[PDB]
Amino acid sequence: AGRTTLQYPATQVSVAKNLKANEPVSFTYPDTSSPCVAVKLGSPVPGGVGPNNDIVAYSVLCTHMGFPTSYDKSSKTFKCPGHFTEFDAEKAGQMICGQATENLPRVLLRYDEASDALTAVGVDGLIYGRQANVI
Amino acid sequence: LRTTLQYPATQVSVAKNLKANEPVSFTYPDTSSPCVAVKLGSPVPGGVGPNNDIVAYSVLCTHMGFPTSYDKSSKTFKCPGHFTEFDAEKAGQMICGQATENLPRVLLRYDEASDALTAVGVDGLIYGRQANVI
Amino acid sequence: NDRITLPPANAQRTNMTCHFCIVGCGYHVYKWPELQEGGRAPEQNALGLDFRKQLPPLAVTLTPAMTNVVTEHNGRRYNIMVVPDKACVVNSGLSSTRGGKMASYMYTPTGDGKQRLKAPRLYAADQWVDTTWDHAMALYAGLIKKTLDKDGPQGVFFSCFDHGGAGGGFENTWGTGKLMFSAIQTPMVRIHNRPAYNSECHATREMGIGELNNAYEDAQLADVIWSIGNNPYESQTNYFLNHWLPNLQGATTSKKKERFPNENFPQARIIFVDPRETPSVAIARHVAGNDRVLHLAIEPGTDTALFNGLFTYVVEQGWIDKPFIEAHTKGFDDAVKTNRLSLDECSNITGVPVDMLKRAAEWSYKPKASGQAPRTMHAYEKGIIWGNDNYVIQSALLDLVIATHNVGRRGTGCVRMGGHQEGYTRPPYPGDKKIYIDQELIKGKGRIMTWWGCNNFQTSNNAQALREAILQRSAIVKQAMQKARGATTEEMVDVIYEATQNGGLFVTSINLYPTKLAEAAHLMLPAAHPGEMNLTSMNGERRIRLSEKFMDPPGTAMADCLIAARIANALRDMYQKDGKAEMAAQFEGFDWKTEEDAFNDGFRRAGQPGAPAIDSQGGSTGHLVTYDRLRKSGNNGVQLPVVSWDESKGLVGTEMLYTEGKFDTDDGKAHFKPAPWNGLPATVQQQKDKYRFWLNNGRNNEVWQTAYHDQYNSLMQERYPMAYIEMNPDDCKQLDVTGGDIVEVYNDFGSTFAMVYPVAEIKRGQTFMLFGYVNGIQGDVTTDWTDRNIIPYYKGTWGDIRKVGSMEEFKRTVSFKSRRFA
Ligand SMILES: Nc1nc2c(c(=O)[nH]1)N[C@H]1C(S)=C(S)[C@@H](COP(=O)(O)OP(=O)(O)OC[C@H]3O[C@@H](n4cnc5c(=O)[nH]c(N)nc54)[C@H](O)[C@@H]3O)O[C@H]1N2
Ligand SMILES: Nc1nc2c(c(=O)[nH]1)N[C@H]1C(S)=C(S)[C@@H](COP(=O)(O)OP(=O)(O)OC[C@H]3O[C@@H](n4cnc5c(=O)[nH]c(N)nc54)[C@H](O)[C@@H]3O)O[C@H]1N2
Ligand code: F3S
Ligand code: FES
Ligand code: FES
Ligand SMILES: [Mo+4]
Ligand code: NA
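Protein chains in written order, with PDB author numbering: chain D, -1 to 133; chain B, 0 to 133; chain A, 4 to 825.
Because the hints were derived from the structure by calculation, they are not lab data. Among the hints, erroneous ones may be present.
Stated by the list, open to error - Restraint-style ranges between C-beta atoms, simulated for each label pair: (1) B:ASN51 <-> A:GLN475: 29 to 37 Å; (2) D:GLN5 <-> B:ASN51: 37 to 45 Å; (3) A:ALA763 <-> B:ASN51: 28 to 36 Å; (4) B:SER72 <-> A:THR341: 49 to 57 Å; (5) A:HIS76 <-> B:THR3: 16 to 24 Å; (6) A:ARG695 <-> B:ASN50: 36 to 44 Å.
Note that beta-carbon positions come from the ideal geometry of N, C-alpha and C, so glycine has one too.
Chain D extracted, bound-state conformation:
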């Protein structure tokens, strides 16, 4: 091979200006079995993208035992119904409380000013239930 990196796809999510503050968008990345959310937080955070540096994206599969987590708009967290793990959308998937041993994986977005496009280009962290992010 040579290669030490996974071959991630480049997947269009949307243009940034279509996202409303605190209204999660669903997409799949890096394939149709990996559910993800992108959300405009409404306020800049470290590593947020877009015009207001505030768009973040995640794998929604709990890194404990893999249940799809749900985005809570009031707390801006992802909550797992399995064993009650909760992840902070504003702290790069930091576990607030729970049984996981890994932060919620971040979907890396490129933001292109010229087109206003958000493209999913990678994952930081390992998605639940996978030997590698790219199957």
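Use these hints to put chains B and A with the ligands onto chain D, whose structure you have.
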């Protein structure tokens, strides 16, 4: 998918042909990677064979890649380039020199049934290579 | 493991000077997103190297130690690769084992830098805790302010770097110096390596010869190189490798001949003055042959006698430049009288046979057949700088050099080899006396002591007396703090201040790491190193380079110059609040947002109109240097002083000092000095009289300084889990010790511990211990003795050795094989 390199399994020799402190030359994992195996004569941690004393190394200096030479009197590999010296008795530990990596160890299987030594892997990165397997 | 991620073709590339030694080797830092990589084809990676097949020797220096993955303040991950620059003139693509580790010693959350200081740390009476920067400044500035108001500046102590490179440099020395000297105005300041505000080079400077007076190219042009008190393969690796060895190999002969059409150039030779047979001696013999190396294995401390005997002989033979002496020197005839020593007396004192003394003079000073004196570069370091009377040795050595016109000619120089890089720009020292700071602290002086970019627990002379006193004084403050409950910062300042009136000392460390200083410190502030900040510095031939920022510091770690500004602005604010406009005004001039601001304020203002007094290695043309101009210069930079600048030419600098015979003295002449031989100091002689072994000490090739990074490196710790002592095998047998045994080394000054390292080349009744280390501090057994300028004789102590026992683990894991290549 795969996280590991696909090392070949290369016969070196049978253990009982090795004389104490007489280096055998071979290439692993391909013909551009020179290696030595030596019976040290005394057990060392991780030595193979009947007396747990056979070790093997890449001989390319991990500084800037000159072929090192095995010194029988000290049981070391010495580099003529910038004078690095590695200990064959301490898994390639740098005694003195300019390298930042121990001399890579060739991992040998020793099969009692056949007396074969087979090179099966490398511990460390060989000089002047992106991966041990090109 | 068994692979590397290549840098992509378009990876970001910045310039970086090596963090560590004087040589200042040039490197490139490749930075790129973690999930990208280069291809193996040479045009598909940033290195331009073909990784589709095996590379030949010398094609690259690249190991996993030269790679890392950093996590930035934005949470994003980036591959880094820190590798030597092939087109840098200094190192021509060479990397030492020390600089080769730079990538590994960059800050990452899980790597070797994991214990980097990331926030202020406070010892709140009985436990370490985090605190805020504002609380830290309120406590630290508060104390400084209280001390200024009640005791004046003499209550405020520092030991601070004055050096270049990482933990130094022009921005940082200016920042600290402006704070200590212009703002606080304290004279109670020592330097990282010596216990007063002084120079290593008083004699040579006062004789008119600054100690970095040549180019590295001069080591290529020399007939003869002297290495005096100097183990340069280990201590100045790539100067030795890239410049010295090519000369010894004959690779520079054709360049000598092209420069000097009518001059004989024999095979180059090398002379080492060193009591010890070092790896550098061995490697020189390997490269050049035994017949082209002279190891003058002098008795410890006998340098002055050596040089007075050589000076006497070259004068008697007439192997001197009488036209040079007449036109360009003063005091020669006096020095001939005061320094007179016969070769027989010289041989008796040094132990060097008369034949070897004569040969050294013959190689070095006797005219060649073509008429010209040999080009003899005289290179010296800590064997004489920390030797038997710093001032007198340099006086004796320089007398020889000046009489033989070995300054100012190409292929010559009487130079420091150097330690750290250089990068000094500071206000003048505000006192009129040298003060032995350690002694002052031991005697109970000062309210607050700051260790800044240094660790004298590991590196002071008489270090045991120091640690004892500091720990006890620290404990008094700890005891006083613990009775407080619910105190405001201001009340706490008063409690601590009170404790210092009863013997206590408040201790602050400004550092990358806790270190052993954490055993005594009450406050620790996080600093940032090159690559986390921009930084300028120069090497042993005065070559100034910019090291570019490419990554964030850990947490709230800051550039030392900016920590200084923070402290100054905190003090200013307190004074303004207290209605003391005049005291506030002393803390003006630290409106700095970036390190560059410190560069503009210091280096670039030296000698300019409306500037205050500034002592700078840049001199008065330092304003011609800018960060953007250094960037355009690359890792080659410019040799200071800068002579000209324009857009089309770049920075044009200065190769060699003193080539027209004008020295840095009142009259423009070099000045000879008397150099009396008085034996060893009585303090050292008393140790020698009582105890068995000479306790030589200094550097290991692989270990950098106090092992601040190296202590966290698993390979370093496996190789040198403990400080080692080189012992003669016959002495070993007498003490029933072998490799990997532990011994106590002790005298009247202290007790320390080392692992035994049998070394055939060590002389009977002599030893050599690794200095500065994290497990077994050598300096406990160094004396308090210093020369007239408070320069310690660190290389001058004796002690006894007692077996503790066999460390089985050391025997199973550590090599005790020979470090002298043959
Ligand atoms: N016996 C004996 N003693 C000796 C000597 C000897 O030969 N014999 N030699 C002497 C010599 S030559 C010297 S140079 C001294 C060295 O004495 P020290 O200067 O005490 O030792 P170093 O390891 O250079 O100290 C550097 C310190 O600064 C920290 N540091 C690194 N980078 C930075 C940075 O960017 N900022 C800040 N704020 N801190 C930083 C490191 O973690 C470490 O604690 O030892 C001297 N002591
Ligand atoms: N690998 C490595 N390199 C370094 C450093 C490091 O820690 N690690 N530190 C850097 C610094 S800050 C410095 S100051 C330099 C130090 O560079 P050097 O001064 O080159 O190193 P040292 O090991 O202190 O001492 C040099 C020699 O002095 C000899 N010596 C002892 N006593 C005497 C004496 O009385 N007379 C004479 N003539 N020689 C004597 C010792 O045997 C020794 O080989 O190295 C720099 N480079
Ligand atoms: S790599 Fe660094 S340690 Fe000195 S020899 Fe070069 S500057
Ligand atoms: S499966 Fe999510 S908290 Fe266990
Ligand atoms: S190439 Fe082997 S020591 Fe440099
Ligand atoms: Mo030093
Ligand atoms: Na001690």
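Outcome of the hint check:
1. B:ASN51 <-> A:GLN475: 29 to 37 Å: violated, 53 Å
2. D:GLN5 <-> B:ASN51: 37 to 45 Å: Since the Cβ atoms of D:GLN5 and B:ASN51 sit about 43 Å apart, the hinted range of 37 to 45 Å holds.
3. A:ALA763 <-> B:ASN51: 28 to 36 Å: Check passed, 29 Å falls within 28 to 36 Å.
4. B:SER72 <-> A:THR341: 49 to 57 Å: holds, 51 Å
5. A:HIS76 <-> B:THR3: 16 to 24 Å: violated, 34 Å
6. A:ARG695 <-> B:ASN50: 36 to 44 Å: holds, 42 Å
The structure shown violates the earlier hints numbered 1 and 5.
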